[PDB]
Amino acid sequence: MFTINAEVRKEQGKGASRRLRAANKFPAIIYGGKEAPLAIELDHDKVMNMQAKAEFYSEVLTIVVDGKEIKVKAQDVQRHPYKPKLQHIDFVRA
Amino acid sequence: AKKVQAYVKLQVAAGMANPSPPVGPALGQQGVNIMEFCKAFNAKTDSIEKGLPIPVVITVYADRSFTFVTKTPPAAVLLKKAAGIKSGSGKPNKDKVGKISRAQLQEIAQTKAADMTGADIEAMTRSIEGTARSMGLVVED
Amino acid sequence: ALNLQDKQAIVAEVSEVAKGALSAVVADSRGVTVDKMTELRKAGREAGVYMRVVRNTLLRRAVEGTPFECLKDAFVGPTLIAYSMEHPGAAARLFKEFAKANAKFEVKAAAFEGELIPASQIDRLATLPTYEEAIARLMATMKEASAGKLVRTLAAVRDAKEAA
Amino acid sequence: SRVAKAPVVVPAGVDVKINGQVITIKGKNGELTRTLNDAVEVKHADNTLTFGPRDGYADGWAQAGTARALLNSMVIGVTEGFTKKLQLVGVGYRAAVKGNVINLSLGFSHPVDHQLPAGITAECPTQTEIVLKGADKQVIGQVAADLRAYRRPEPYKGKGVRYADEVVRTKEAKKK
Amino acid sequence: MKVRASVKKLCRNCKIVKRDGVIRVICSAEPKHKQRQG
RNA sequence: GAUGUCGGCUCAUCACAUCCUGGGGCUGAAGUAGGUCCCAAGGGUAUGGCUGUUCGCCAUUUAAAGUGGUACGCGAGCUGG
RNA sequence: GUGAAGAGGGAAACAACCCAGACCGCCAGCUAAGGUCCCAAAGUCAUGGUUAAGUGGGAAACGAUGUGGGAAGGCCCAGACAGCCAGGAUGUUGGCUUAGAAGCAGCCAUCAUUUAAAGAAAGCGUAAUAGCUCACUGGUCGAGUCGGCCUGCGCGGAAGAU
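Protein chains in written order, with the entry's author numbering: chain BX, 1 to 94; chain BK, 1 to 141; chain BJ, 1 to 164; chain BH, 1 to 176; chain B7, 1 to 38.
Calculated from the structure, these hints are not laboratory results. By construction, the Cβ of each residue, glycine as well, lies at the ideal position given by its N, Cα and C atoms. Mixed in with the good hints, there may be bad ones.
As the list claims (entries may be wrong) - Quick list of the computed label-pair ranges, beta carbon to beta carbon:
no.: 1; chain 1: BK; residue 1: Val4; chain 2: BJ; residue 2: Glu39; range: 17 to 23 Å
no.: 2; chain 1: BK; residue 1: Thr67; chain 2: BJ; residue 2: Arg45; range: 21 to 27 Å
no.: 3; chain 1: BJ; residue 1: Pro78; chain 2: BK; residue 2: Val4; range: 18 to 24 Å
As the list claims (entries may be wrong) - Subject to a maximum C-alpha distance of 27 Å in a straight line, what follows is the list of computed BS3-like cross-link-like pairs (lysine-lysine):
no.: 4; chain 1: BH; residue 1: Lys84; chain 2: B7; residue 2: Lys2
no.: 5; chain 1: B7; residue 1: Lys32; chain 2: BH; residue 2: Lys174
no.: 6; chain 1: BH; residue 1: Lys159; chain 2: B7; residue 2: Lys34
no.: 7; chain 1: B7; residue 1: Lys9; chain 2: BH; residue 2: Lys171
no.: 8; chain 1: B7; residue 1: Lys18; chain 2: BH; residue 2: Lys157
no.: 9; chain 1: BH; residue 1: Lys176; chain 2: BK; residue 2: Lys3
Could you build all of it, start to finish, from the sequences and the hints given here?
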């Protein structure tokens, strides 16, 4: 359903990641296949109102980063300490 | 509140609406004087049998003006009669207390025809099917 | 767009028949009342005339999706439509059955054999023998004027010479 | 919100006079029929009323439907004259008009001295039935609302002064 | 009527209306529903 | 190197989550009356016995016999029991 | 860490708080935590968003039809969503139960009819038939509207010795 965008990591680690969530972004990853793990940044509230309809999980994702598309389905979820809001999501290739 | 109900219900034998209890409370509550209704009703009942329930559907307007429609005897009365039963089972469908043929059902249907809204004489039969079904008569093809 | 199909199907279902009707009648009631509707369902199945009560929302999407003749200027506001594709006279009689239980100023328009009929003209028009009874009355009008009238006149002159 | 976009188009020979936020309706057969927008701005234009947000506010839609409603109400007040027919159920109460005075009983040993405002008038056909006259939709119901205050249509046997929106639903007695 | 706290719909004609800083249940079906604090 | 205790009188004072008149909703409240019930500190709010004593038991007043604090009010006042 | 074994600044103040570690003298400037209308020294600061409770600047469970923005999306002038108004029908006051038991006292059937259409009924309410709202049907109606979620702000909950 959803057509979203991503940036390739300027900065990685816990120190890095707190300054993304300060600016209302968070990180993510696309693993699987014969090919390398694609580490990405997303925007938090770009997805937060998408995954409010169940179509985020029933249908595959258009995620474009450095103009590359490989298609993606959701995996297990990392959550903030006191909100169901997304601290980090895992993804698998489709 | 205007205090209107459309298509107010009665089912009563033709010669017994003088007392209020056979008629129940609802006619009073829509403002139809029970005595006045019984007189208006008697003029078309002289060809009806004593004790036999006659269907009556009333519309009452806001200003307590009323009009009243009188109907041919029930499907429920005719089916009890044709089956030789005084009363229903009180349990529909799972308890059988008799059976009724499609060919008897079609005659029950033709006696109700002028009230029936159906476009086929079968359509009519299918409406009275469920009257047989409520009273514990199985509807055989 | 709508999420469900119900509203879009029913526009096509009326449009087919409503372009088709040889007479139709577009009327006002805004709460048609079920006592009347049932007696008009009852005598419509005698004449094979069909009747629908229908929203101006359905009809206005009908004017957009489909071209109409002689009925579409009358689809604004509260509307019943009684219609026949068969027996044109009975369709126009249906409004005289409804006028027995209702107000007669309520027609906005009619169509008759593709003619637009205004709200004031139909009340004369509508007496309307059906197409078989009409054709036979026209056919008698010409058979009579051809040879019967000639003789009427040839008699009337012989009668004046007859002296009493 | 459908009704904050409504342009009204006020009838012929009604004068709707704008001091900005006080808007004043005059015409034949009455005086002091008026409306105040206080949160929102109403421009009158030539006759197409335009409703929007006011300076020094944050608040939205709240007074803009009211202003449309209340102005149209007042334009019909002076144009046709608003509905007049009042009545009451219950023995021995009355509402018999004699001049500026509405005559009633409340069982009291003092005269009740229920009186009509100087800006309205009334008459009576029969001793429990009232006909009120004026061109203001607010006032006629305000003097009715104080005459009902402690004689409001009861939920049980319905007795009260009856006009406009009414709460009575009827009850049957307790089982014996 | 009970004074209460937390405002709820007592019936389909409880409109629920904010008078001053407290939400009141105000109904035009039944006077039974006039709930004082919300 | 002394912040020292109980109950009652006299004399009090302050909090209202009001004993009562008062204004008002609901009611399975017809009205009445009661059940349910909100605002309200303004004002009135009983006595003899036995016990160290509040509370008790008993006789008794009036329409009535309240709620809470005060070095658990008040021994540089009293009974100091 | 501080006091114990330290002065000064800020907190309505204090023997441990937060900043800071008094050699003295100097009507000297900057910075910290903290502040910037008057007490009282400095911003009634510029731009945008929003509430109307002294929330702010006092705390929870809890709740709803309190109120706005936002992005993503269904509905969406070809007519919305919701109310208000009018229709709510044929068998049929089905069978049992009963004073009548009739959509709404109880229990069983949970159906069929001409229908563009009306559940042998979702919820209310003196036991109840009632009165009422309700989809669905059609008016009024000609523009925003609602479910989910992010988010600013609210609420009542929050009654006592001076």
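| query | Can you list which hints this structure breaks, lowest number first? | reply | Of the numbered hints, 4, 8 do not hold.
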